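Using the sequences plus the hints, can you model the full thing?
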Amino acid sequence: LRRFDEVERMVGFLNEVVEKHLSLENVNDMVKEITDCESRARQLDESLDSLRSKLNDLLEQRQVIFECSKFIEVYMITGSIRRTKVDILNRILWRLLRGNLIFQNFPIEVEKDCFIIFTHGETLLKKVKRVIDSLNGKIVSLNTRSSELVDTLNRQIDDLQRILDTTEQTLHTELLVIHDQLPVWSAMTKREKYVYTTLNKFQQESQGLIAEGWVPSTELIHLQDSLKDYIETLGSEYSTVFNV
Amino acid sequence: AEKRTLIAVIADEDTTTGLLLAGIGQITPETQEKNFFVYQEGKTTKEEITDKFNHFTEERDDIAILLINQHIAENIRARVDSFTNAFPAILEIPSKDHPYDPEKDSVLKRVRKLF
Amino acid sequence: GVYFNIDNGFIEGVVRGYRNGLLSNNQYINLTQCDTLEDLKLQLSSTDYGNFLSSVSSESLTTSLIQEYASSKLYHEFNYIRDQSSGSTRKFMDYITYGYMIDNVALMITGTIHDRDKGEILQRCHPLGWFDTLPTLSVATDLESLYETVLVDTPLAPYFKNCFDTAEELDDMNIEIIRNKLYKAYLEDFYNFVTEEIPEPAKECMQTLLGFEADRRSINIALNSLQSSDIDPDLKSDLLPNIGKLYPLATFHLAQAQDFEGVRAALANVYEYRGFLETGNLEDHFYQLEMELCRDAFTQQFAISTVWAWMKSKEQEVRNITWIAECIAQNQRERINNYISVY
Amino acid sequence: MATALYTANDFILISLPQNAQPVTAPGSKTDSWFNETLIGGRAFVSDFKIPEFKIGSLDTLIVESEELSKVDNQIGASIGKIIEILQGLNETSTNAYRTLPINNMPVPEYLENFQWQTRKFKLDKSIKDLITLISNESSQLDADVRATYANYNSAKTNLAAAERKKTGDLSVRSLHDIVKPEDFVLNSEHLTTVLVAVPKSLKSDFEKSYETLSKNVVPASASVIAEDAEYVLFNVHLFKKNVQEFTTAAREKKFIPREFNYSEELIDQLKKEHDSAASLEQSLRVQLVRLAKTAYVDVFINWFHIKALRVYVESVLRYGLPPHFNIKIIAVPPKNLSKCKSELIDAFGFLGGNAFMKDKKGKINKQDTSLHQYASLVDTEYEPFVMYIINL
Amino acid sequence: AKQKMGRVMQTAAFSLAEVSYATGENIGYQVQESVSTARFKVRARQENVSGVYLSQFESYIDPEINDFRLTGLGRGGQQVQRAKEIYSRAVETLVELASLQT
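Residue numbers (our numbering), protein chains in the order written: chain A, 1 to 244; chain B, 1 to 115; chain C, 1 to 343; chain D, 1 to 392; chain E, 1 to 102.
Just to be clear, a hint being listed does not mean it is correct.
Stated by the list, open to error - Taking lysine-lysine pairs in the BS3-like style, the calculated list, with each CA pair at most 27 Å apart, reads:
#, chain 1, residue 1, chain 2, residue 2
1, E, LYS41, B, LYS34
2, B, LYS43, C, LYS118
3, C, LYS41, D, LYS200
4, B, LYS109, E, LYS2
5, A, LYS138, A, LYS126
6, C, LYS41, D, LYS165
7, D, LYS54, A, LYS127
8, A, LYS126, D, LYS70
9, C, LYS236, A, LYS85
10, A, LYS127, D, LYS128
11, B, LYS113, E, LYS2
12, C, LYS41, D, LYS254
13, C, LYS73, D, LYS253
14, D, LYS366, C, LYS236
15, D, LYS49, D, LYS122
16, E, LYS4, B, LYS109
17, B, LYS52, C, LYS118
18, B, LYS113, E, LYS4
19, C, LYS41, D, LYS253
20, C, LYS73, D, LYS254
21, B, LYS3, E, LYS41
22, D, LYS366, C, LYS245
23, D, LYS128, A, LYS129
24, B, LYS43, C, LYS41
25, C, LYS73, B, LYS43
26, C, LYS118, B, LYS34
27, D, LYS70, A, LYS127
28, A, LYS85, D, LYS366
Unchecked claim - Estimated spans, in silico, between C-beta atoms of each pair:
#, chain 1, residue 1, chain 2, residue 2, range
29, B, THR44, A, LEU22, 53 to 59 Å
30, C, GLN227, D, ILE225, 49 to 55 Å
31, D, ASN35, A, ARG83, 47 to 53 Å
In short, the hints are calculated from the structure, not lab data. C-beta atoms are modelled at their ideal positions from N, C-alpha and C, and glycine is treated no differently.
Here it is, written out as structure tokens:
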């Protein structure tokens, strides 16, 4: 029963991935293709969201160059930050450097934001970075050009977007054989766990289960005619005992 | 040298409780076996202390210093005396409401002869 | 005082008789002159404790066995007074034991997180705070399966009104929160019971004795939250009771009290608690003010607050005897006169 | 506004560039404006011109401000405790030591004649050593004043225990100043004396019982040698073996024996304890009152040394050049601080920010928030020009 | 050092005991769940005392380790709070003296 709890969790994961975009051997070989497909779907989804994050880490780095070459065309620190922490970073840097700064922000278009500091001086430059890196700000130091890193970064944006277009095509190829098959894999487990939950309710006394429970009196002869015909038609000469 | 940084305790309940609060011992998160042993005076058999003795000295190896009450150490006198190693250290201190005695102190006996 | 002695005539005069067994200052000085726990037993045998340690006989006599038996006879005297109570008096006696039931709940569900045995975490429980499903708190870990299985049929069930179970089962950090919040709701309910149904001479001197419990618990929560807690004030204000002398202006400043000075400047504006946080042992200040509030609750005659004022004074008597017997057994006598005696 | 106000004047310490001009009175002089215009002319201006110091580099400069803030607050706190140790001792009651001399010169008069003190603090020395020297002096001095006030409190406790032993309440008390050779006999060993602490009701009960408590009890010994409110203290002489029977018999009657014999060494040592305890508290109290007063002045000179330093370095950080500043200490009359602070902000605020400026007043101290604490180590609310508020 | 440790251990033990009894619940059970780290640990060094290497220990107190939550019990919580403070001081004694024993 813990097995078909785990497989129920795996069928639930397959139901979440699609929304996000029987004999004992016949169950034992289909739980194998549940597990063997859950493994590849989980690793391909975890190699896709962690790659989308790496894509956004470059699309946020292109924008803080586009919005800070423009500020110069109209001892400085340039980087990315979440938008809900811009005011608290402004206040912490204003309380650290008493004045002594020219702080801007330009919204990158989770939502994020850029910032320029102009730390006028020294001896706090490694201490501003302990404010920025504490609340998860990613500084983008360039030191060469605002037109040479953009080429080497657009040579990675498209090169990684093509890996997105490969792995997501493989994902939508894999989901075609699963979306038309989940009502079988789910409905197997929903009744198999229901079988074993009921088999936990039996006695297991002397290498044989004792099932005590209620049945209406109209359906007594139906049990005594359906249980008697079924144990004899399959062979296996060890008859059941039906007492009242 | 360093491969041990717990101090284990064989002591009366109050003394042990206190010591733990102060932070010396622990209940481990992957063995789920205490690295201290509480004792109800006179209510706990001498055989249970001995199992626990073996446990800190030998069956565990993360024990640096083994603290042990003089009242308790005396009951299981045989096992303590036979332990002569430095890994873990055996340091007998007076029990609660019991005074010093040189003869409830395993190491002091050892040192005195063959000086 | 014209309708008091109908159901409470015999109850008061025995409790007033129990008051006369409170040890005076000379009966404490005669205990501080003892040399042995046996001499302290024989000195207590001339008081109204007489022959309560008779089944001990000088060998197994420790300073914790005195605290066990001296409090056990307090509990049996409380049960005798409670068995003769009826009506609003019996309900008032039950509402006293609810605050010990809360402490036994919070002591029983910490003995299961640490996986200590159930037979030894119950001998440390309080005998007056006994309900029939108290050992069965060792069945679950989370708060919801301990409420909905055990604590619904208990009289502590209306007190689980703000305990938000976020499906985190239990550490030691939130059991204290549940304890403080149950005691908060209990202080609210028992103040409303005293204001509602208890008669007028036993109302004004019981609202002060209960608002003092609320103020002491507010100061202890707002001062123990410095060291072993990092909580928000909006979640801290659900732990402070709102019945006391200290609530509407000072528990707000105790809620946003991030430092020791945030507590001290908050308690400097209240008039009878200023100077507690300056010098001396703070717990001794609260116990001294508790006894000075229980002393002038015996001076009003036809009042059921004499039961509260008796049992808290008798608990302080057991604490003073325990402190003296701890001093004369460990041979430390530098602070043997640190007892509290207003009687 | 205030923080330990007696009747002491409150001070605002300001520094400005030498190009600064007020905008509240255009074309006017700064020095003239402070005396004349400023809060209805009830402003008393005193000099407070701080010399040049060795200023670090840019990286070192950030770190110099961070430390000035911390050290300033320590010294300020520590002085607050010293004042308190005096207040409690009753050496500061109406007013004392906030207006009292500081090396034979009152506190307000001392600030006006304060320009830097070349007592051991030199301008041929580095900034760093100036912060380390002054702060060490301030900590060390506070620690000695604290150690004596702790010891004095202990000493009072011993004396109090002793007086009660020498007479007061019986429960631990044995007498030693009311000895006599016949009301207290022990010269061989046959006779001894047991003292019995008897409640007043029980006084008649003892006079009747004394003989019956044991056999061989000396006749007519029962007399009250000493008497207090709760208890009457008796002497009875009897044989030594019989002392055990006597004591047990005494406790049934519901008396409390107090055991004291007339051994010579006993009498002498208890008497000694009273005396030795009075002499310890006495000597200590005289050195301790003296030590705090002497500590008080030193930590005062040291508190202002940091502020002067603090203000100077800060001025350099915020305005830049010139390194030559126009610096004053303005004595504000009590409760005009808020009005004074605002006027200064309007005039001079434009210099340090034309947008980094808002109106503000007074000084509020908190641990609710860190805002409004005017400091360069924690985040505060940025002042539009360098102004520090001193509350005495 | 044996005599000195014994006095310190008995005094800290009695203050802890008094508190356990007054609150009306056994603190030690509460304490056993919460203990899952140790503040006072030792770091080992080999020291040449003559030609032979002996074991020496130098003790560290983890400042990255918070207070356990066994406080806030009401009036009973004040009692535990004072109790841990005497005991951390006391326990330090036992370990520093113990380094010579090994």
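Each hint, compared with the structure:
{"no.": "1", "hint": "E:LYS41 to B:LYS34", "in the structure": "holds, 16 Å"}
{"no.": "2", "hint": "B:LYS43 to C:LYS118", "in the structure": "holds, 17 Å"}
{"no.": "3", "hint": "C:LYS41 to D:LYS200", "in the structure": "holds, 25 Å"}
{"no.": "4", "hint": "B:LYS109 to E:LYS2", "in the structure": "holds, 14 Å"}
{"no.": "5", "hint": "A:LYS138 to A:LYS126", "in the structure": "holds, 14 Å"}
{"no.": "6", "hint": "C:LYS41 to D:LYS165", "in the structure": "holds, 25 Å"}
{"no.": "7", "hint": "D:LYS54 to A:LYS127", "in the structure": "holds, 23 Å"}
{"no.": "8", "hint": "A:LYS126 to D:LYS70", "in the structure": "holds, 21 Å"}
{"no.": "9", "hint": "C:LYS236 to A:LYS85", "in the structure": "holds, 26 Å"}
{"no.": "10", "hint": "A:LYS127 to D:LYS128", "in the structure": "holds, 20 Å"}
{"no.": "11", "hint": "B:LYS113 to E:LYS2", "in the structure": "holds, 19 Å"}
{"no.": "12", "hint": "C:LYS41 to D:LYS254", "in the structure": "holds, 15 Å"}
{"no.": "13", "hint": "C:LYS73 to D:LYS253", "in the structure": "holds, 26 Å"}
{"no.": "14", "hint": "D:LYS366 to C:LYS236", "in the structure": "holds, 20 Å"}
{"no.": "15", "hint": "D:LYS49 to D:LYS122", "in the structure": "holds, 16 Å"}
{"no.": "16", "hint": "E:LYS4 to B:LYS109", "in the structure": "holds, 19 Å"}
{"no.": "17", "hint": "B:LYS52 to C:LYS118", "in the structure": "holds, 21 Å"}
{"no.": "18", "hint": "B:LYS113 to E:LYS4", "in the structure": "holds, 24 Å"}
{"no.": "19", "hint": "C:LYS41 to D:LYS253", "in the structure": "holds, 17 Å"}
{"no.": "20", "hint": "C:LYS73 to D:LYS254", "in the structure": "holds, 24 Å"}
{"no.": "21", "hint": "B:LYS3 to E:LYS41", "in the structure": "holds, 12 Å"}
{"no.": "22", "hint": "D:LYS366 to C:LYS245", "in the structure": "holds, 25 Å"}
{"no.": "23", "hint": "D:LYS128 to A:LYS129", "in the structure": "holds, 25 Å"}
{"no.": "24", "hint": "B:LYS43 to C:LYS41", "in the structure": "holds, 25 Å"}
{"no.": "25", "hint": "C:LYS73 to B:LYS43", "in the structure": "holds, 25 Å"}
{"no.": "26", "hint": "C:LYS118 to B:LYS34", "in the structure": "holds, 17 Å"}
{"no.": "27", "hint": "D:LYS70 to A:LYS127", "in the structure": "holds, 18 Å"}
{"no.": "28", "hint": "A:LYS85 to D:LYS366", "in the structure": "holds, 24 Å"}
{"no.": "29", "hint": "B:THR44 to A:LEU22: 53 to 59 Å", "in the structure": "holds, 57 Å"}
{"no.": "30", "hint": "C:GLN227 to D:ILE225: 49 to 55 Å", "in the structure": "holds, 54 Å"}
{"no.": "31", "hint": "D:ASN35 to A:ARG83: 47 to 53 Å", "in the structure": "holds, 51 Å"}
Hint compliance for this structure: every hint is met.
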